Amino acid sequence: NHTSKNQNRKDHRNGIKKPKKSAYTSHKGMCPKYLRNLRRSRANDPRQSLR
Amino acid sequence: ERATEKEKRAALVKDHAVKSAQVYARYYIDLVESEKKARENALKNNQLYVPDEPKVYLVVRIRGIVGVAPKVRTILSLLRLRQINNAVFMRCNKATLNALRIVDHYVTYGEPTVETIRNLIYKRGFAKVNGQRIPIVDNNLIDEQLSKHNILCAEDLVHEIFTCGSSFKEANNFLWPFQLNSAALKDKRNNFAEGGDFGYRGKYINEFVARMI
Amino acid sequence: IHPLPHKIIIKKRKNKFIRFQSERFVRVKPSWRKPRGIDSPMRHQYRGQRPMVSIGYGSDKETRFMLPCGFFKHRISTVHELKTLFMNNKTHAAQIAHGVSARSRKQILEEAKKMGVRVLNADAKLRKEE
Amino acid sequence: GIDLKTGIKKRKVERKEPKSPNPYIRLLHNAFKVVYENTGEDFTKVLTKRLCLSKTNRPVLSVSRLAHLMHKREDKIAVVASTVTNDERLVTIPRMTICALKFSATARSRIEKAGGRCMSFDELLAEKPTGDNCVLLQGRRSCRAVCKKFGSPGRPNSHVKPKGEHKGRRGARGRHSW
Amino acid sequence: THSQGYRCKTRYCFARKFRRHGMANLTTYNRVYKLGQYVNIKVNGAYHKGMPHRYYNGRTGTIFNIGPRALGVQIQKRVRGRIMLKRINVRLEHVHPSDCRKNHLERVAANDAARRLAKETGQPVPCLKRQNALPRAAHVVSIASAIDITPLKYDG
Amino acid sequence: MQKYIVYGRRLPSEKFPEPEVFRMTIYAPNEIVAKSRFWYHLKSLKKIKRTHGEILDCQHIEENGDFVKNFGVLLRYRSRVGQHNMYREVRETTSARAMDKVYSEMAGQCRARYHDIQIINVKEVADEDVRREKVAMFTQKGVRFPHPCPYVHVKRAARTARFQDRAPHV
RNA sequence: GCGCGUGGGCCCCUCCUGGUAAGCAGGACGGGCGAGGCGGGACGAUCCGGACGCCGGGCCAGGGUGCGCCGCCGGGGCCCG
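Heads up: the protein sequence lines correspond to chains S, G, E, F, U and D, in order.
Numbered by my numbering, the letters in the first sequence go through residues 29 to 79 in order.
Numbered by my numbering, the letters in the second sequence go through residues 27 to 239 in order.
Numbered by my numbering, the letters in the third sequence go through residues 270 to 399 in order.
Numbered by my numbering, the letters in the fourth sequence go through residues 53 to 230 in order.
Numbered by my numbering, the letters in the fifth sequence go through residues 255 to 410 in order.
Numbered by my numbering, the letters in the sixth sequence go through residues 2 to 171 in order.
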């Protein structure tokens, strides 16, 4: 009953989809200390988006 | 305005063809003369002159599209052979030579003579323009696409493809894979080495292609 | 009365496609129906089966809809209609409609002769008067 | 037979013409297509496509957004393929030249009360088929609630609200719930 | 397969080498790993804590995060049709630096540096395109000292 | 079938900056088979694969056919039993022609194809040196035998639509 | 984005487990049939070729060429298929 024949042909029908650009550069799982300091550096001089 | 460009361009291309027909004709003669002379000189010095290994090959697909494993399908697609009795010009690089071994059962290849190049381009040769198959009936439509490559005429084309010259890639892509008549094929399942027809045939690809062109 | 010259009319298939097993049963009328069986010899298209309807059998566009006389056909049921049909028309002919009575057909034919539009069925329903 | 199923990636489908019964929209599309067939200006091709799109892909742009977007350039003529709508929040409205497919009557009144003409695409073809001094603008396409419900609400990386009442605790309160 | 624990089928891969048993060399801890650098993850059996799973062994990836005791590595894993980034936290011992991009860095240095060296001397730009082997040239070879060869009989 | 002599060498390396040239006499149908056989022999006898080697020449040899000379071929056939050895003796005008006769008997008598047989040696034997009776019988100066196949002359009955008025005599 | 069918599969290779072993029972790379006409293999859903609009030429794959039944001869060897 168990069988995986035709699984690879089915996967390669239009597959090998890459993960996505947001995934490669993300703030997920990163060191919380790194994230906090990054926000302070951004919040000054040109990068600051604060009004 | 357009009339001047067509009268001016046509003459320039026609001059390139008559002037370089003699120029290339001597260059082909030069190749035979250089090899023949060195062979004899080497024999005089008691050495054997090896000739240069082929820079270009004529690859013809001899099997069909049913039952091809996925790797073999991809390699054929890149070689632009997608149909039986179809023939393409492919450069010889370790990449191309090591890929063609993988697909040897479905193809037969060998270095092409300049009469084979001329009779393939002239009679069965077509152009990929805007992804259309436009027949090559004149040196003028060759000029518009390969104008940057300095190749301005059909004889100029045969030289670049025969010599795997600087403007080879652009020129082989410009040539729509040749669709040829049915292959003779003594045996489709065994290599020419076994007396069949698959794989390298060397000089004999000029004889095999003669009936198909 | 004489058609424009035109090109040879080539019909790809002379005989009408007939539905599978039309001969075996009266209930199965000759009208074409697509072969639909799971194990239909026709759907498979095995050797010795009846031919299958394909767009390929299509007539040349210029000859499509053209009748053997060389003119095409535009039906007319009245005289007003015939003057509209022939207006600027050297490529068409008019079959009088079946419904048109013998009395009215005389008007259509007499106008057609003046108009110059050919009538395919000019001899239909001709038996003097009542 | 030829192997055309290796490096060929199938045929995509796109809206070549508007499916709108409105003959004036259909006429403008043919006109902006005819202009771009002659002069290949990007603005004219893009307008032709934006006229073709569906209501869902043609979101409204309010006078407030147009004010912010054209703040840098008063001279440039704004172009919106969707209808323009009034902002009751924007008590004072600038002077703008806008070619919209339709204007809400309140917006038309406010823009013209501020001295700015409410142009139409018929006027745009007549004055600037080229699009010199013209900016093409679009409404936030994902403004519809339908666009925030799309997805699977329930998987851990969802950030999508459940579709319906719900009113229970399994999954509703944390991944550890369930 | 009737059992699927974390360490199933790991008898040989998670095993230490012929003469590598003991504790990891202090170079691993001293080594500096920077953000985005290519690392290669090979599980070390001795250091059980913070071990990667067997799939992420042999996989090469980029450091998404640099933390205290452990780093975070993203490697692309193929599941069915899609290839999805797996962000994993691995102890320093399991992760080592990668020389996968080293070739490009060597070529990139020579690419710019040779071009400048020739810039002072011969004007034609040096070709910087790797050609794949290519065929053979004229090549003359002496025959005078040739050896005749004949097949030997099946002695048995 | 065509008598080619091939010259080939190991690809030049830093260890072997002048590799050793090896010559072979390969009787083959075509140059492509001849160079394949040359590489097969070099692989076993000299450990050189084609991938690590270059053939420098494969020259066709043409031999005159003025007179019949006896020729001897020592070969190592392979039957389903395993590899063996065999000496043959063929009277033919040219070595390539004699080798063709050699391959056809080994096909009929011992059921071995071209690729099964390996030719250890070919040579020209004298009228004195003949070792086998068949070559010896015709080697002698005077040889008169009645026509071996007089009946073969029915090759004409094929075309005569086979309706001769009388049944032909031989 | 929006759905539909499907969720009994089976063969030919190649490596298998297992059973004494099967047109046997389970696995796997690929291909095939399923859902692929057509020619051949006498006959065979899967074998060898070829994978299909409707056609008129030509070419020719695989398999063959006494006669059924389209199409062959020539040479070397072998011989109570």
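No lab work stands behind these hints, which were simulated from the structure alone.
Hints are supplied without guarantee of correctness; some may be wrong.
[Said to hold, decoys possible] With a straight-line Cα cutoff of 30 Å, these simulated DSSO-like cross-link-like pairs (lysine-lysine) come out:
| id | chain 1 | residue 1 | chain 2 | residue 2 |
| --- | --- | --- | --- | --- |
| 1 | D | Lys156 | U | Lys407 |
| 2 | G | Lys174 | G | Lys97 |
| 3 | E | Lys330 | E | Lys283 |
| 4 | U | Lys373 | U | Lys331 |
| 5 | F | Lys68 | G | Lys97 |
| 6 | U | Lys303 | S | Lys45 |
[Unchecked claim] Among chain G residues calculated to face chain F with C-beta under 10 Å, some are:
| id | residue |
| --- | --- |
| 7 | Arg108 |
| 8 | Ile110 |
| 9 | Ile162 |
| 10 | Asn165 |
| 11 | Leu167 |
| 12 | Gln171 |
| 13 | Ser192 |
Note that CB positions come from ideal geometry on N, CA and C, so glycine has one too.
For the hint on G/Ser192, does the least C-beta distance to chain F fall short of 10 Å?
-> At 26 Å from the nearest chain F Cβ, G/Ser192 fails the 10 Å test, so the hint is violated.
Against chain F, is G/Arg108 within 10 Å by beta-carbon distance?
-> holds, 4 Å
Within 30 Å, alpha carbon to alpha carbon, are D/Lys156 and U/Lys407?
-> Measuring from Cα to Cα gives roughly 44 Å; hence the hint is violated.
Hint check, G/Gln171 versus chain F [nearest Cβ-Cβ separation less than 10 Å] | violated, 21 Å
Starting from E/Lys330, check that the Cα of E/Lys283 is at most 30 Å away, please.
-> Distance ~17 Å between E/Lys330 and E/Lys283 Cα, so the pair holds.
Holds or violated: U/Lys373 with U/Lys331, Cα cutoff 30 Å?
-> Judged against 30 Å, a Cα distance of about 45 Å means the pair is violated.
When the least beta-carbon distance from G/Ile162 to chain F is tested against 10 Å, hint result = For G/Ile162, the interface hint is violated, since the closest Cβ of chain F sits about 21 Å away, which is over 10 Å.
Could you check if G/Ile110 really has its C-beta closer than 10 Å to a C-beta on chain F?
-> holds, 8 Å
Report holds or violated for the interface hint on G/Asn165, using the least CB-CB distance to chain F and a cut-off of 10 Å.
-> violated, 30 Å
Given hint G/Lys97 paired with G/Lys174 - CA-CA distance at most 30 Å = Distance of about 35 Å is beyond 30 Å: violated.
Given pair status - S/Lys45, U/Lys303, alpha carbons within 30 Å | violated, 33 Å
Take the C-alpha atoms of F/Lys68 and G/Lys97, compute the straight-line distance between them, and say whether it is at most 30 Å.
-> violated, 38 Å
Of the hints listed earlier, those the structure fails to meet are numbers 1, 2, 4, 5, 6, 9, 10, 11, 12 and 13, in rising order.
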